[PDB]
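Work out the full structure, taking the sequences as your base and the hints as a guide.
Here are the chains, one letter per residue:
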Amino acid sequence: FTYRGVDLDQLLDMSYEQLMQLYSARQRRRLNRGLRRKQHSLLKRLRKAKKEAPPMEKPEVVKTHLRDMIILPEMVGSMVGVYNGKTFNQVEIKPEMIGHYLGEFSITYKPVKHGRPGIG
Amino acid sequence: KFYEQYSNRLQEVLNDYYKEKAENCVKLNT
Amino acid sequence: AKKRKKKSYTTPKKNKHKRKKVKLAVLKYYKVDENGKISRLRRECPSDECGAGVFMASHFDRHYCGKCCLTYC
Amino acid sequence: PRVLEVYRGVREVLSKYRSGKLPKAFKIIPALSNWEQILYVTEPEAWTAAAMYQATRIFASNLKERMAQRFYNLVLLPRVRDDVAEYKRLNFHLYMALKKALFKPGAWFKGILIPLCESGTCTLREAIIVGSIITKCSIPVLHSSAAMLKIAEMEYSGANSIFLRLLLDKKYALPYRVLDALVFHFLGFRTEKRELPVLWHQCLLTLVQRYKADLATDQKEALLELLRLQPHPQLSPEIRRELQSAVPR
Amino acid sequence: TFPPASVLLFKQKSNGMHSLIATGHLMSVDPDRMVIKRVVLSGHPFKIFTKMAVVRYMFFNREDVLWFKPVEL
RNA sequence: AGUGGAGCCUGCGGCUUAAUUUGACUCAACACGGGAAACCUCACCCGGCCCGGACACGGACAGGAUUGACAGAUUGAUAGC
Ligand SMILES: [Zn+2]
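Protein chains in written order, with the authors' numbering: chain P, 15 to 134; chain t, 265 to 270, 291 to 314; chain f, 77 to 149; chain w, 179 to 427; chain u, 659 to 731.
The set of hints was computed from the structure by calculation and includes no laboratory data.
If a hint is listed, it holds; no wrong ones were tucked in.
Dumping the calculated DSSO-like pairs for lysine-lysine here, alpha-carbon to alpha-carbon at most 30 Å:
1) u/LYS705 - f/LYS78
2) w/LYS278 - t/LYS265
3) u/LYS727 - f/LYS82
4) w/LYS277 - f/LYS143
5) t/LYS303 - w/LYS202
6) w/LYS199 - w/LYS314
7) P/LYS64 - P/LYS77
8) P/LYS58 - w/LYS202
9) t/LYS305 - w/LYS202
10) w/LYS199 - P/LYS52
11) P/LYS65 - P/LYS77
12) w/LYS314 - w/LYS242
13) P/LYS100 - P/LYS62
14) w/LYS242 - w/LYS328
15) f/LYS89 - f/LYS99
16) w/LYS328 - w/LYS277
17) w/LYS194 - t/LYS311
18) w/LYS349 - w/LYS277
19) P/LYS52 - w/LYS202
20) u/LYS695 - u/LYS669
21) w/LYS199 - w/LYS278
22) t/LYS303 - w/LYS199
23) w/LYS199 - t/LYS311
24) P/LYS77 - f/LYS89
25) f/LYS143 - f/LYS97
26) w/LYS205 - t/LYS305
27) P/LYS52 - w/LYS194
28) u/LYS705 - u/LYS727
29) P/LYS52 - t/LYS305
30) u/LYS709 - f/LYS82
31) t/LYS305 - w/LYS199
32) P/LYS52 - P/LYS62
33) w/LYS314 - f/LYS97
34) P/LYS58 - P/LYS108
35) P/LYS77 - w/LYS199
36) f/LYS89 - u/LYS705
37) w/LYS278 - f/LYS96
38) f/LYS97 - w/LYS205
39) w/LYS194 - w/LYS277
Quick look at the structure:
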C-alpha cells in the first residue's frame, strides 16, 4: 500500500500541517478550519478503544452519529459503527479509505427495486 | 417595604473563554 | 358530542433519580474541644462578600467555595 | 478594550441560542460591578427566547433583590409584553422564565406584577397569561398579601381584578388591614354608573366564598348594599346566598 | 326440545338461592345460527388534511397496519 | 414561433422507502406555500434525555424542603436535569 507516494508509517508520524497538503481540497479546507469538539471527542474515543485491545484481536466497535467526520490516518485499523438515519453499519477502516468521509459507508437510503404500477 | 421602595476574577474568566474557543477546533494535536 | 373512550396503558415513572440526602452536615465543619475551643476543619473563603461564615469544599487536591466560584490548588 | 470583544462575541451566541452550556462570562454578570454596561453589549432585545429563560435563571439565584428587580423591569417584562402583542400567545421558554422569576417573590412583585397594573395599558390577555403563573407557584403569605393591598388601592381596570381574584384563590389566612382595603376597593363602585364586567363579580364571589368567616356586621351589610346597586342576574344571588349563610370570627 | 317451550334463567347467588334473572321462550333450535363477536379498535386522527388523514394508537407495529389493510374504517 | 421526437431540469400521478411532509385533478388541477429545502426553514422518519397544572388525602422538612454550582468521568451531545 501507498497513498500519494507516502506509506502508512510515514503518514502516521507525519505533521498535521503536512496532511493539509497531502489531501484533496475539501479535506484540506476542513483541516484548516479545524476539527470540531464532537469530532475531537470521537477521535479520542477511537484512540482509547484501539489502545485497550488484545494484540491478536480486532478492537471493540465504537458507535457514532458523526457522518461528517473525515477519516484520518490515525483511524486506520479501527472498527466504527456509523448511523444512516435508522441503523448502524459496522465498518472496518481500511488504509484505502482515508481521503473520504464516514458518511459514504453507511448508506442512508434503500436502493430502488420497482413494484408493478397501479391506476395511473 | 413594598410601597416605600419606589477585577482579578473577571480576567480569569476572560482567558478561560478564549481557552474554550480554541479547544472547539484543534487543528494541531496527535 | 361523540365521546372518546380513554385508553389504559401502564408505564412506571415511579423510579426517578433524586440526589442523596446528607444528614447533619454542621458537625463536619467544626471540632469542639473538651474545654470549649472551636477548631475549623475546612478553609474559610476570603472573598468580597462571602467572608467570615462561608466555608470552602474539600476536594481531593484543592479548595472550592460554593457561592462565588473560587478555586485553588 | 478586550472585554468588549468577549461580550460582543457572546452577543452573537445569545442571539442564536437554543441549548447547552453557556459561556462562563455570561454566568457571572450579577457578580460584576458595572453590569448594566456589560448587558447592553450583549443586546438583550436581540436575544432568543431560549436564552431569556437561562438569563432569568442566572439573576434569580445570584442574590441581590434590588439587582434582580431591575433586570425584570428593564429586560424581561418588556419582552413578555412584546410577544403577547405580536404572537397573541406566549413562547414556552418565556413562560418558563416567569415561573423561575418567582424564586425571588419580592423582586417578582416589585418588578413584574405591580409595574404591569400601574401602567394602565395592560390588556386582559396579558393579565391571564401572567396571572396563571401566580396560581401555579406557591407564594409566601407576607408577600402575597402585600401585592394584594397595592392592587386593592390601585386604579380600576379589567386586567386588575383578574390578579386580585387569583390571589384570593390561593386561600391563605389574610392580615386584617388587607381585608379592610379589599372591602374599600369593592365599595368604591357602589356609586359608579359604569357597567362592571363579569370578572369583577367573580372576584367579589371568591372573596365571600372563602373569607365570609372574617367579615364583621358593619362591612357585611355594606356588601349587601353594593349588590343592591350593582346587580347581576346570575352571580349576585350567589353572593347574597354566601353572605346569608356566614358565621363570623 | 320442540317449541313452543317456556324458558327461565336463574343464577346461584349465596347460601344456595336461585335468583330469576331472565324470562323468555324457546326459539328455533339449530347450530347454523352464527353468533359473531365484534372488536372495535379505536384510533386517533391527529394530522388532518382534506379527505386524507394520519391516524395513530390504532396499531403499534408496521405490519399490523399491513395485516388489516382490507378492513374498512 | 413552437411544444409533442433527443439529453437534461423541474411539477403531478404512479413506484419505492423508516420517511421520501403536503390541499387542489379537463380554465379557477398543472415552477400556486415568494417552495432555489445541506442547518433553520419542516410539517416527515429513526433514535435520547428532560417535566407535564390546580385540588383533596396520605407522607417527608428548621436535627434544612429545595435552588444554584469550578473541574473531572460517562452516551450519538462542554447533561450541575
Ligand atoms: Zn462558589
